[PDB]
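In the form deposited without its partner chain, a lone chain appears below as structure tokens.
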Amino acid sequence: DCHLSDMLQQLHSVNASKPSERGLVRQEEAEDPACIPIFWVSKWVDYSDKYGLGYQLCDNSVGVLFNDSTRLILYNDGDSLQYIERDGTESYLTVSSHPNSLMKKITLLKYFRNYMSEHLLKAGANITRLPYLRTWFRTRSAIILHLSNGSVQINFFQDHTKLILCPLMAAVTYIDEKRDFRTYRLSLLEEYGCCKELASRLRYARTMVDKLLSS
């Protein structure tokens, strides 16, 4: 299930502990820099009416989830490709080899790359295996991005805040409006509690991970 069940369990636990009602809140105490995620989606472009969803990961790699549920990933070296059919079957290729099979999808991918590079701002710019985008959807309030390493990222439209959930670390990273990165250990959030806004977004995240599992 790509650790969705695990993540669901970790969020029910933090939310059940009602961490914004704790009298003596020390959210600063729940931080843990040995849980900082390796990957997250730094930019994305929804062209899903026509071709699909383009994105860039923080390592500068660029991927597309095409409508046919195939994925093409261009590594940060500008040439090496990874290709995933619906089957999940992976294969590796290079741009320079010019594979006749994927000419069209390469061109599309380069368009997405071009657009993102010139027109979009990076997420989490001022801080320091290659997964692909498994699934995604968006509500009025947010886009939800589920990576194949189990990570779930939720980007909120209103205020530009972002959640990155890592079930393997049982951790949450929170990017605020001021672009500040903070990484928390979920269990420690139950103990030290947190602010009302991190709290409501974790309630929203549990509902969103529910939604992923009903599909």
Contents of the next structure:
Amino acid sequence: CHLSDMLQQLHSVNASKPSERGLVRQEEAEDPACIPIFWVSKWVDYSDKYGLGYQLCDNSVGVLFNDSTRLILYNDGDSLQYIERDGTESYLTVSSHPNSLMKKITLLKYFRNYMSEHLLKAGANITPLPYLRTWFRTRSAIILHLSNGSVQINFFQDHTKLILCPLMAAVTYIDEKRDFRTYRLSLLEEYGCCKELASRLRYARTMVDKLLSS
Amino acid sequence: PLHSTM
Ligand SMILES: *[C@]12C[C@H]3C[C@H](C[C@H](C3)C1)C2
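Return one more block: the form solved in complex with its partner chain, after the form deposited without its partner chain shown previously.
Starting with the chain above, the whole complex follows.
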């Protein structure tokens, strides 16, 4: 799911030692045309019993249940998409659905209501349907792999975040002050970047390796 | 954390 391409993109940038330049010109690597359309704006880890609930930046919500199935609710508040473990996609609505999905739909409603009333929305000041294919958490970050190939990594301690988009060969970095910047990885290789971002990109490569090994 | 940032 574009993971191999992303790995190669990261390897190239990391091997170029972006923070070891006579003059780092990170700003020259920005590319407004590569701004992502979708990213995870909120999430709730209730995997001890049900799964991982999350909200995308367009206000749609979704859940990757422990049984590896997914249920997505569009931002119109009624349209739904169910994805089986095998990837088989089915479409329905909150008002018209099979009884077999009643429980998962109720669970999604609970998740929606919660995230809607609580938590900050990541990338709120930025103007941009995939489902969550895979996710895992390390001791320092949560890794989210979307069906459109994007990989998002949220770092717990400093709240910085990376949204990797392999189709655009781009990466969006949200720093501690919530500054949202989108870069072309090829330009980061050419112009370099600060030590902090370089470190996050090295970590990202390792996280992509994990997604590939899973 | 068990949820994203508040
Ligand atoms: C999460 C993982 C470690 C860092 C921080 C605090 C605690 C230990 C729970 C988030």
